[PDB]
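One chain follows as structure tokens, the form deposited in one PDB entry.
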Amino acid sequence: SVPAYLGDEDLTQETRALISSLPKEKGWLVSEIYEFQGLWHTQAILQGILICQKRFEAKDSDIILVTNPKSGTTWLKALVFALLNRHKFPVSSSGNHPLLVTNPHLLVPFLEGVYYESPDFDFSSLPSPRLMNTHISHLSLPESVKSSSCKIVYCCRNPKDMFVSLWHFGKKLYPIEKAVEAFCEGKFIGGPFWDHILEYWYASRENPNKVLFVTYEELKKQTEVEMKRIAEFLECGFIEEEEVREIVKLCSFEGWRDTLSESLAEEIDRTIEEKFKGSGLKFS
């Protein structure tokens, strides 16, 4: 009858009611999720964001990569990080490049977990500009990130793709057809999914100098194309074609299509089209 007990008890001696007052669901998949600023968070993700907002101090030099919960981010982390550092750490430095020395999930911090398990971590001690990547949805960014001039890179994956993500946990740690109902309803780890996509979409169309929307499927189909387009969203000059090829070349060392059945796909397909009808965002 009490939220779970996770870390830094101290900062929880005066902050533990807000959490215990939000709507929560249930089932067996996840324990006690809570609805915060419009979305349902696992208790873990929520305690983080909660300070992740109270403390994060953006810098116009930052660059936030936004992705969905549980889908791999390696390549998305290794990729760009390699793009920015082409002179600091030449893409030709092979074994000396940060990607051949340090795991990509230490080089590009997930605030959420940084603030979750290490609430005192000092991001101001990392080098600027900064590269990191998060799960949050628009309307929950650190005041500066919103009122600052960094650069947003939103990396979207088809829901049916993001769905399998959350599903995995339910496989590792009410069949799949049930979990889909929840996903499509929106009271599911990370949803209602059609908003953990549409505001960064309309966010990109509205203020294209701060927010960029890239589909993970196109990032894969034409990697060199999308990268040329990403580097032109937060840079200041020209980028050779061979520059982009040298980067992807370096990063080469880093689904539903086989998990859902036609009906559950169509089911999500029916909600995609609907939720995304008229918005301009069409899913392949």
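Shifts are known only where both forms have a C-alpha. Only the largest set of C-alpha atoms that superpose within 1.5 Å between the two forms is called the rigid core. Residue numbers count along the first chain shown, from 1. What changes on going to the form deposited in another entry:
- Of the residues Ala58, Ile64, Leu29, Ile51, just one CA atom moves 2 angstroms or more between the two forms under rigid-core superposition; it belongs to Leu29.
- Core-superposed comparison between the two forms: the C-alpha position of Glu14 differs by no less than 2 Å.
- Superposition on the rigid core leaves 11-15, 27-30 as the runs of at least three consecutive shared residues whose Cα positions differ by 2 Å or more between the two forms.
What would you give as the form deposited in another entry, now that the form deposited in one PDB entry is on the page?
What comes next is one chain alone, with no partners or other molecules.
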């Protein structure tokens, strides 16, 4: 087997030998996954990472949201966009708010996705401060991102939700028991899951002005508190509790427990405990 021919021919020729040389495994969501810098990727995402690493030029004023593959990000993208833009596009003029005019996925673009499909897209023609989204590993971010003083928010979902998102996506398009086993081994799309998470967890403790670690579970349960925490990481000034409440209210128009049998949930929990000892990130 050889890789597919996807996208811009010129970029295909620039990346195809590299991709053809990497380790590959049977894909579930896809024909083959490929190991690149420690993580397994679909061909499309890998082409977009390779181009992104070569072409993206970070700015110190950038904010990058890092999320896991196939989780919903509409709500998070909206909250952070609305917070950052709360004077440029006041939360109150509601009907005229970009979140209402346009889709949050166009406002807060998925980097690797854009590079896959539109390799010449000029990110510098977007307004600063640029809010953007990625799933790229902390260790695989473009060198300009690593060297900048931009801000990175890692939004961590429970690994069981990370799996179920991938599962629900693929089954939409090989039994669940086998997919759980592969996910737990790490040889699975976007995996190993523990490395994706731990690299940002470590960065959030070692370089807390560069990386902030947010659990989706806390963003859901205590949204006002978590948003004030994000604001304080992103910006220097004071933010009123009411400004945060109005942001949450604007964004209010935008789990594994129902899908996983208990034996699969426990299987993932066994890998979580093993891999996260004593990190100490613990999950609820």
